[PDB]
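What follows is each chain in one-letter form.
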Amino acid sequence: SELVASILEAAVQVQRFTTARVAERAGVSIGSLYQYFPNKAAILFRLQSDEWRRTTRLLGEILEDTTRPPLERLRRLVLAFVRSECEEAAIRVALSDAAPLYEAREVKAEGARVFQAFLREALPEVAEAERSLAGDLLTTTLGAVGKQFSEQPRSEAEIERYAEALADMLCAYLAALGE
Amino acid sequence: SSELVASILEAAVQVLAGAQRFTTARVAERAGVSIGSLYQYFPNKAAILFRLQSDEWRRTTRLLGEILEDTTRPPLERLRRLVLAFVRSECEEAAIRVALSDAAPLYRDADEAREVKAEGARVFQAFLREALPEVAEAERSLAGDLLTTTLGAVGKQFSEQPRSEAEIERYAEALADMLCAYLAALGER
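Protein chains in written order, with the entry's author numbering: chain A, 21 to 34, 41 to 128, 133 to 209; chain B, 20 to 36, 39 to 210.
Treat the hints with caution; some may be incorrect.
Claimed, not checked - Calculated cross-link-like contacts (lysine-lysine; reagent style DSBU-like; alpha-carbon spacing at most 35 Å):
hint: 1; chain 1: A; residue 1: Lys66; chain 2: B; residue 2: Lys66
hint: 2; chain 1: B; residue 1: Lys177; chain 2: A; residue 2: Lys66
hint: 3; chain 1: A; residue 1: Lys177; chain 2: B; residue 2: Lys66
hint: 4; chain 1: B; residue 1: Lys138; chain 2: B; residue 2: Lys177
hint: 5; chain 1: A; residue 1: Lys138; chain 2: A; residue 2: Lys66
Hints in this document: simulated from the structure, not taken from any laboratory.
Take the sequences, apply the hints, and build the full model.
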């Protein structure tokens, strides 16, 4: 647990991702790492899974906060989502080497549902059929455009700018719906 | 020659619209031709799909330019029409691409599409110069990227399911509403 946590931290910290390397950083024997993760894929599947859980929590927290108006909340969500895709991409790439023949839609699906409730709050005048369609388009666009953006490595500044443009598009659509 | 080729190609599109049911025998029939006669022009089902694919790519490249260059119509109207045409073509070309993965699983399904996208970003960049003359080049260029990415990635995901003309129309109108709202907001500063 403390040992696993440190392993996982050394892993989340450590393309040339290896077991020997994560154990060397963790200050443990590879024997000892091997008790918890028999291989590099095993570590990556845990990183992947902890990430989806962290992001589901975070994205839900952004949309429920009420020190900010809905358009502000949506902008913050977009930034957090794009940053998160760029991280999911690095693990996907490593997983591609480690488990070549190797869910994300069950996570996508729950994200969507939470977003529709936010819409309900942000668009009280908008008929349910329109609000549904809009929530589908918003969540599909965020997911599809975020994922494509992350198919190559990005700088922090690239991420911030792209997220700002993407939010401008999504927020403009949200505002036009509410006017 | 060219008349018989066109009826087979039209027949093949009819047959497809499914993809697990795509065979030459089934297209020869629709077309009212012998399977022997189809064979001269297309020696297997993959060759028919490859032809439908490249025809659809040229058409779409033709339509992108023609729609967005049409200065009869104001810019956002052109964009709405482009969105509807692009979505339509994605929902027709979902079936070609699925049939191909069954027919020719090794086939390089990403490379030639990127060249198609490239001619797309170029045309979008020119359109925004006209739609948004007062927007700095760096913003417009980012907006043009985002528009191109969005249309393609969203149209594509939407096409993963079979859609009615009404669905397509309803979804394309919302997608265009989003894009049009974004450009309008950019022009207001």
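Against the structure, the hints come out as follows:
1. A:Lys66 <-> B:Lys66: Between A:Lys66 and B:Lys66 the Cα gap is close to 42 Å, so the pair fails against 35 Å, i.e. violated.
2. B:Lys177 <-> A:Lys66: holds (34 Å)
3. A:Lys177 <-> B:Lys66: holds (33 Å)
4. B:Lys138 <-> B:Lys177: holds (13 Å)
5. A:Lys138 <-> A:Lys66: holds (26 Å)
Going through the hint list in order, the structure does not satisfy hint 1, though it satisfies all others.
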